[PDB]
Amino acid sequence: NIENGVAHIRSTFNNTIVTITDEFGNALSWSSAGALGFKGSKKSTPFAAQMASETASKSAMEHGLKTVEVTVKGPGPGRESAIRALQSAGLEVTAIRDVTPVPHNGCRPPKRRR
Amino acid sequence: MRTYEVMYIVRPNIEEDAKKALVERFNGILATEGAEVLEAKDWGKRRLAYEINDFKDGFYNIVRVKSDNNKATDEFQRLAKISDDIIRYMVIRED
Amino acid sequence: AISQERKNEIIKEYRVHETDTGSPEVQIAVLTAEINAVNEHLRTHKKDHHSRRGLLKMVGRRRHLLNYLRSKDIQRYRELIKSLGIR
Amino acid sequence: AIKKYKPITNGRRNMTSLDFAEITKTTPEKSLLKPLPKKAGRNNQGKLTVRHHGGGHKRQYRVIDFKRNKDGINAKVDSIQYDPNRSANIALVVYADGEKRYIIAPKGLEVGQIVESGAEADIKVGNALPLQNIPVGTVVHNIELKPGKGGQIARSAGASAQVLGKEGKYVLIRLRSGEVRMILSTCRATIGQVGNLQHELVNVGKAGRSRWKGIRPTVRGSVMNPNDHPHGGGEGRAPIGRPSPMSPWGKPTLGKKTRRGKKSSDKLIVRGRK
Amino acid sequence: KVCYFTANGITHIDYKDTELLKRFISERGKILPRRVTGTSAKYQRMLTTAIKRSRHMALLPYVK
RNA sequence: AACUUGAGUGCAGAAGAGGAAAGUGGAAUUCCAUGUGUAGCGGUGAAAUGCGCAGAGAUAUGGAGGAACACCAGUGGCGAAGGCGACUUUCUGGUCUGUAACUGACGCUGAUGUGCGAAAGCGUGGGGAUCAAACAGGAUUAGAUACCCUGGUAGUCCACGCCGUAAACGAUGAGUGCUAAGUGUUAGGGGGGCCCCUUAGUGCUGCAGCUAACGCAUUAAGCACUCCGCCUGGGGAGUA
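Protein chains in written order, with the authors' numbering: chain k, 15 to 128; chain f, 1 to 95; chain o, 2 to 88; chain C, 2 to 275; chain r, 14 to 77.
Be a bit skeptical, because a hint or two may be false.
[Claimed, not checked] With a Cα cut of at most 20 Å, we get these calculated DMTMM-like pairs of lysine to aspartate or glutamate:
no.	chain 1	residue 1	chain 2	residue 2
1	C	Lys-167	f	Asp-54
2	r	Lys-43	f	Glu-51
3	r	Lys-43	k	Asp-112
4	C	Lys-77	C	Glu-23
5	f	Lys-66	r	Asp-27
6	C	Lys-26	C	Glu-121
No lab work stands behind these hints, which were simulated from the structure alone.
Given the sequences, and given the hints that come with them, work out the whole structure.
The following block contains the structure:
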């Protein structure tokens, strides 16, 4: 394409899955922190998210991407480093919307640890 | 004795000739079995806050009725459910 | 339960004198209509245990008012027991 | 409802029967009754083809309107009656100008209710109208499969299909088994579930009461001789000594799918069950 | 702070009055706590009812 | 025989997730079908089982089904208690305020009795998304039939019945009256947005007084009167 390809970032307490798709929800490329050789307790780190984002960002430029919408889904440590890893590659981040699903109840949350 | 306000939404793609055919008939049941409809207003094609059956807009009609039988409003909701033109309705007892 | 207009005809029917609302002939009669109304309601909504509890309090109030009336004068007790159908 | 007999006899301990309270007339009509001479499993040659079928109480056939096609003329329910040839009850209906015919009794059809066939009909219990005019989500019984043939699908006590959606010339319908399928839109149904919903909860009790509906005893194959059945033979009681339980005529019986392939209905079954 | 339902005298909050309701729905349609809006306890209840009626009739967004 | 203050009724008002039935919604989870998509996903303290390469995870659209109702939401409200939170309608219970129109003690408590009664459990018939006793593994340990992880059955949901137990607790029976205050909040009333007074709830400090102490203190565990239930060292034993 030319531009307007949204990027979905899944930052959790584990690896950060970063995927770059077009505006109509068609995946171009993707790169998680686990696909970069990162071991556990490395996967959920700001450093790993930095390479995780730009690794998929370079694959986007081959299709000619000049506009990204950052849709972040998850409460993970590697969120902000991921977004600054997209501007550092020159992807012209327009919007920062959080899409972490919030149930209006209606499901039994899995039991917590002990 | 009991006073009801009925608001229903008609789909925004209805044929204009069929719109008066539906609004006439549906305020028709609201005047049966002792019902004495007082107001019958049109609110126009407003923007819906969210998509309803893949619709972004819709016609709003508000009809206020008064009857001590309540079966006029139940007959409305029975037929409003069946009809594919009405996509949302609500009956409020006003006191 | 019974509407206010419905209650008034029961008041007028069994009132001892005019402007009487608290005699144990109108109170008993009003409760009898009220008791039958909740009884009819519970024929459909059988498990309305919370409403049924208020019915038992009404039955007790009428029963105590009937005991008081009998202990006062038996004639008015006999007239009230037959008009209302109470056994 | 179900009446539980008191254990006055052993052969009658856990017996149960239908209270027959929804029925209103206990006698048929001379003009809508034709003869049914029991055949008992025998064919055009005279040989037993289906088994476990034999003597039973006589029964008169009651002609039913499975193809509800009197369109426009209204009909009154005169009496809900008992039918011996089916699980559900039948209802006499008198049409607004003189003719009378039987139908299948829906769940809460009451005596004196009005029913209408046609295409301009309302969506109420009993009225029959084509599947192009039946809203998505309605319970329908007596569904046709072919335009004009007559209801075939969903006709036994407690049978109900749900119109679930559309395609082009076919409507999607979830039949009682759990199968979603498609039926041509020009075919008729009838709004509502079929009555005698408690027919499935009855207990028979007596051997003889099962031997009054025309059932005959069925012998377990594990006791016939080797020349009578695959499971037969053995000195003593024996397990099934084969890789799979088998059928009298030599064909696997616990799992083998026996639906002919290459049928002209395969393009119409979406998901299946049973 | 002042209620706006007692100050101006409103004794019946109407669910058709979307403009009046949009002052208490924040940025999501989320009902604003009465400490933030300063409406009394009596009017926080009938305002919540009006808002929920408007949401069902698509006069106010559930989420935004 | 007489009387209204007790108790009830009448009239004018008030608030409420009080109960039952039937409908209508939005978010989310799961599964299914496709489009894009490529080598991981997931999880831990580290793992691994596990799901993937037969295309998983992710992403977009659509569909099916079940369950619960974010924000409002609070020492907030209602109910005798258990308990009751999406919205609408229909039946229906209780409570509070004011008035003083009516009856003139019609009241309290209450053995036996008769009903209601969280979860779990049972029967019948449905339903089954999520979470899951038990069960399977994978780990940690010296061992781990446990905490951790991966799944997973009954159950969790509905309709009828049955069960009748909970740290069912304010660990505080019900009714009535009296006895310093201060300051809140909920629902009303009357006077001069503010102030004063007042009724009924719900809170926090705090006097007298009580207590072994902790503490309670006008919502007593203080001062009095009526009625019921219960206790008489710990085990054996809530067992015969």
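Comparing the hints with the structure gives:
1. C:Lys-167 to f:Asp-54: 17 Å, holds
2. r:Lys-43 to f:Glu-51: With a Cα-Cα distance of about 18 Å, the restraint between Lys-43 of chain r and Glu-51 of chain f holds, given a limit of 20 Å.
3. r:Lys-43 to k:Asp-112: 16 Å, holds
4. C:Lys-77 to C:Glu-23: Distance of about 17 Å is within 20 Å: holds.
5. f:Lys-66 to r:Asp-27: Given pair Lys-66 of chain f, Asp-27 of chain r holds - Cα atoms ~19 Å apart, limit 20 Å.
6. C:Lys-26 to C:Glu-121: Not OK: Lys-26 of chain C and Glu-121 of chain C at ~31 Å, beyond 20 Å, violated.
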